[PDB]
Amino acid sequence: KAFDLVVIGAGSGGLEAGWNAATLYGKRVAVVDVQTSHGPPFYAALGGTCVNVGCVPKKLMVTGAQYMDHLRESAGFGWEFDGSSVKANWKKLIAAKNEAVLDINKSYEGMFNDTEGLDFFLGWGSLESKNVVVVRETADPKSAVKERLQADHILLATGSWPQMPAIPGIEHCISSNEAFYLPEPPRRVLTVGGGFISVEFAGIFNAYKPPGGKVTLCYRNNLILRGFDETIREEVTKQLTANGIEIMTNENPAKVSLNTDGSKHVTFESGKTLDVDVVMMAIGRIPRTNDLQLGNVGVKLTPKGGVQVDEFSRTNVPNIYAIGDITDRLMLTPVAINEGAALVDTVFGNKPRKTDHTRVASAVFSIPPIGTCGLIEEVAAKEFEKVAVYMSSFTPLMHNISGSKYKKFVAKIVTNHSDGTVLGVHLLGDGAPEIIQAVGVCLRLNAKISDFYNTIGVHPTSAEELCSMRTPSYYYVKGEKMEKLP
């Protein structure tokens, strides 16, 4: 019952810290989670949100959804078949995803078995005191203690949870959690939200809808994918619309009622209505702090609800740290993992390292997908006197032949024009998430535009466009956009 490190949440951040502490520094590690494998009732499990109801199953489902485009696009390359025989079997996809995720859950059980000191505990972690975590049978703090763990160090890694707007009929709606387990593909679906989860799921549902199907994505403001490059936001909107998805912007559900046939009658704030089979809310995720009983030891939360941390993931309470989505910053698996790896290399390695939250490569598995690293030009323009924007945008040749002429590839490099330093790279098109990874390494190395354009292209690729841009398309000078420098 005595551990160097007790981790609450066997997720992206929690397991990296757990496994590292044990294998690298022969530390004695306890990890708590509420469930050992994916799905209802608690959805996240051993492996965390990404593994169970996040990056992993989503990527499999987007890959499945991509075949709608491949099957059509093949005809341009001379592939012939009975188009009238094509069916998308959602049930097959969900059974395949379930088996793939279960194998990962079991893979992690294997890890915790084949690794000394590293031990898993099942049930709900909360803080008794500075150096004791209690594992209960439920999230009710009045339920039975299963174990009481002694810890020289406590890591909060409980991740996040979908936010459900408190509207009349919210109980008729789902989150991404339930989306992963729908027994049938919805004919008509409303994805609510303008973020990556709503966009990715609109693509998934769009590919698997039965005949006479319709995917509607609504977003409360004017343009989806706030925080992404503006050119790409407008382009993804176009490319989703070109593939049959209806984008309702400046619209937001005010209430949902059940129709007598079990379908959902959505009333918008604007007074518009829409009947759908599924309303999937994807309006935000919020840190999971409630259940930890942080009041007991007085861990400070933020004006937003995330565990407040310093650059070393340290709470106001010594020996207590927080990584990943509970900190309510960048909600990404590799950031959680980076933070856990840094926390452990610091505390147990005696080799203090802090996660860099700048110049983080990330993606949206939209069809086609986004790959991005570093600053969008609007943000660059407010920090740097002179910003240059290099832009190349064209339908790649293969997509003129494929018949998907609407698949414009967008490559944008944003620089500090004073020294040529690359501040951000923004890609939209097939392979963008793969292209951007090594760009993250370039930005860590303070790559300039001349490092890109003096590197020899790989031909033919979309990526080589990044090594072909010598001349700014336009500038920001003290915030002001203009074609030419003064």
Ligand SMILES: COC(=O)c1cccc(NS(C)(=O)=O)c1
The other form holds:
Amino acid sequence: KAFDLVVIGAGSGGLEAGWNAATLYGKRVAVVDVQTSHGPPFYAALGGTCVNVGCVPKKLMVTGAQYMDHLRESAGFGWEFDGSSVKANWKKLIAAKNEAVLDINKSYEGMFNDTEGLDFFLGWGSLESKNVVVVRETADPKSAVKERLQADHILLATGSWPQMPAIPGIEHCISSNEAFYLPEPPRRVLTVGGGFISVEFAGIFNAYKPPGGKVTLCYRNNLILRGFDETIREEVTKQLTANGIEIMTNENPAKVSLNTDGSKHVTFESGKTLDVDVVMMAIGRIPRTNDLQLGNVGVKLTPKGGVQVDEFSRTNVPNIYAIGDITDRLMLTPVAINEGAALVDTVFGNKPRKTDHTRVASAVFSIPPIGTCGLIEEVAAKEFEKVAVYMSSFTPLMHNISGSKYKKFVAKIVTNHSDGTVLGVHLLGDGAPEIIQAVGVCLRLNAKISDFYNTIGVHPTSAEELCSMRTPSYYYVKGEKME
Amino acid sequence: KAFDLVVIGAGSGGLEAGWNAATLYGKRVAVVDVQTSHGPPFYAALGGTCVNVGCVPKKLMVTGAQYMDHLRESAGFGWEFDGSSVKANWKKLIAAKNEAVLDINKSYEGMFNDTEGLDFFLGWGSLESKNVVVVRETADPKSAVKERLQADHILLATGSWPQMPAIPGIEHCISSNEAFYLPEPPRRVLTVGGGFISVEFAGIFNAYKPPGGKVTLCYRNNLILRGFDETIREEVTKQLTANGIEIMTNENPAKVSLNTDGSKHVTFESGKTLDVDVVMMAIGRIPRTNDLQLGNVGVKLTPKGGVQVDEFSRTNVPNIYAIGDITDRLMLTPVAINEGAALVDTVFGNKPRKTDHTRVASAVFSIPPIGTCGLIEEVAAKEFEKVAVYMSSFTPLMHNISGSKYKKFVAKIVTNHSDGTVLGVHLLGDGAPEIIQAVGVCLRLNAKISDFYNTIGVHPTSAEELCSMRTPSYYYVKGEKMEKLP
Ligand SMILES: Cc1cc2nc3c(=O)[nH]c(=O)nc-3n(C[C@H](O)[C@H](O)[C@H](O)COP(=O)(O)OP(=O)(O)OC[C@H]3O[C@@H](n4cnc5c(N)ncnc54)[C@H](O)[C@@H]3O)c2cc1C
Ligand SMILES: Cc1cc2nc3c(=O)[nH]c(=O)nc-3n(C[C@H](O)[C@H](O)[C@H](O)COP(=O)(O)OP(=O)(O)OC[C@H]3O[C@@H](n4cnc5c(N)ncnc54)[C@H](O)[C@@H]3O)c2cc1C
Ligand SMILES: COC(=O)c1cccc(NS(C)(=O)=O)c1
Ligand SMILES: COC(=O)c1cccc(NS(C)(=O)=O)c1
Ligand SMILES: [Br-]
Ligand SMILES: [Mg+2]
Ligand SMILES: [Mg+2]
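Alongside the form solved without the ligand that was just displayed, please also present the structure of the form deposited with the ligand bound.
Everything in the complex follows now, all chains and molecules, and the chain you saw is the first one.
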């Protein structure tokens, strides 16, 4: 069958591109994915990684984990109940999450059923030729051919996949994919990695662990969450520790073996040992290009395996484009969506647009969470002669009373001190992901620190700290920190 | 006894002005207040109304109230416990709030001693003359002079005070002042008024009521929260009703009598009656001008009764200024603070600056809460030829799992459709007050709808809805509502 556009991967970016091309530009569109609903064996499905095994289910599970803190914190406000009756029923959480995800799966199914000129094909998409997508039974390119789709234009939108270190016993470990389907909450779990997925899952597992359970997070480098503001990295380390999570910095698994009872015996490079029920590897995500048979058309890959693209998401092959995680830039759902919309506007609208990958608001749903937008000060200090840091850090009042006195809210604004232009805003504490969104809009409008401190506060909020900082805490002059 | 600046009222506006003058411009500042710490008899104290009997304790108490919802909602996420064992200990909450507020009172005491020039005087400020404030022992002008203060400049910052309707049995009723110190949580309460204080307290009382409890909110007109977005007014009304609060609209107490058991018999204008344990009046706050003796120096008051001021907070009398609730405009702490900061940066900094009373972000800590900045559409529609309204309203997913399906999140953007300029943003739902703060910065920057929709979303959040709206839901054209433009 013949299509204006064939999209390989029915995910965040692929569905934005396919829907826009079909509905805004009246193109005949085919979209291919390996599964119509969430979970094993292929985990991602119609809706993409975010819907099925990412942002959506993880936010529901972090919300669930937050009740451990609410139940404890309620006491400071006079709430009373039988503490010994308290159980975290992980089975109920997983069943609730599975229904929410399946409902989305079903709605996307309905969207393809109800949207003329937008067609879904089930199976494994690869490039036969520069104008032909082949859909096969399995990832094996010798598997049976279900469809051959003639394509004026081809969008690669297959996303990324968890990286598993080729160590002894890798097969006894899981990724985030399986973590979403654990039938029982692990008593002892090792999260491997200092990234958002490791930290977020450490929080989830910490809340739902059975009695006498323990969550351990291991990271090779000295301080979790590289790429984030350094004050926040230190404070979120302290606040995880305070909620009973063991942070093992400068540690990596060398091998995993099964104890006789089937639990996991972990040997860390430092020689050290840990016995756990689950080893969750969250050390990286790699672009999913292996199965695309891109050798058939000579699409240029990086050594890593990302599809190389210009700022308009164009491969070295005309009529073949790539957006989202397969491009191995910013692995965020709204970025994938923005790239897909920008690509379709450019190609089918002749409305030339490229995604701005700077000043993108993002979050970590740690407990407590992070909200951030733009540059951290160390990065700003290499690109700007004079950098000012405005910092406010304090245990909010609700948290003196709650008993979580360790829950310091951190609000930091990084400026170009030459003109006051805000380069970066970094938040740690309850509400941070919600606060940071409209900060994204501020940075698009080249907000200066004077635009924040001249705005009238909303009181009482954590956010008003952003509008209360008149005077730098410290500076960088020619890369050098000065108090 | 000689000062650059004498401030009457050590509140939100008074302290900002006092401390800035001192620490920024090395000026010599006297600040008068009637009380050094919270509670009866004068309720407000060092720190002002917000600290003592306002934003600060209210927010701690609404946070406490929120646990009623969290405890229930936890079950959807698999939390299990003995629901029959749950008790809300009001006495614990009030003791915790009292300790929190006292620590802040003590925080400000340090500030006054730990700061040269800046000195606190205790007692009642009044105007003797253009350049003399007299501190007396009571609010009676005839009471003993504790101090006579010489003033190159006088700031009036005495704030506001609850208005109590002059009905038979008003003495059986309380204001928000007494509500902060009730020894027991009322089983049955009538909150009187449709403003943020009545709505916030209805939520608090609703969470802490003993078994067989009932919270009734009455309002004299048809729909609570006048001045807020209409969609949000109707939605809050529904969401409060869904959480067990009875909203009596078009009803107003005509009198209250004590029943023989100490309970309150409320007779409405309509002839309806209701028995409650507490009648909390929250029908308005009025500026505290009486006690300053303004007739002595001829400071002019408004047809409404607030100190008349120009954009620079200047009275008709040179050297004499007024900020915050005494000016009877926007009664918000951050507005008071902004006015104080501007007045001092003006007069002492030689850097004249005027508070912008437009595009002010504010909140209602209703459950769920309101976050708002700028114009409601009905107001926009009278100023601008063509107004667009962008609206997204849905029960967020977590609240489908939580069982609170009635918690619809409302995001509304109101624009000048001629150029896309955002005139107002109106949010209802968890996190609305936090989301709206940086929206206030956006509006100061004259953000257009396209600045919001071209910004990349943070996912998953409620806030990202603000960056997802490209197409108007409807318009006002020369005042007229319609789905489509001509
Ligand atoms: C645990 C986790 C949490 C995350 N949390 C967040 C978060 O909170 N916020 C956020 O913004 N981002 C988050 N992300 C990242 C976000 O999920 C991704 O950036 C986003 O889904 C990428 O979108 P995409 O279009 O590139 O690909 P995807 O959404 O991954 O879609 C790719 C699709 O292609 C399909 N596919 C792959 N190969 C083939 C093939 N050969 N033929 C057919 N179909 C194929 C897959 O089945 C999949 O459905 C998270 C990711 C993970 C793993
Ligand atoms: C229940 C309630 C909840 C509120 N919630 C919020 C909220 O969440 N957010 C918000 O922004 N605003 C809120 N407000 C409003 C806020 O409290 C006021 O806007 C703010 O306190 C006004 O500050 P001000 O400087 O005008 O005076 P105040 O802060 O009221 O200070 C006035 C001070 O003057 C003193 N005083 C009065 N007369 C004299 C005299 N003659 N001599 C000496 N001292 C005198 C008083 O003791 C008092 O301390 C709330 C108000 C109340 C009542
Ligand atoms: C051999 O390592 C793997 O590829 C491996 C091992 C164990 C588990 C997984 N989970 S997955 C395919 O979902 O990423 C991969
Ligand atoms: C006019 O004042 C009253 O009649 C009255 C009645 C009942 C209570 C109060 N408490 S107050 C002064 O704090 O607002 C005043
Ligand atoms: Br490091
Ligand atoms: Mg179709
Ligand atoms: Mg002093």
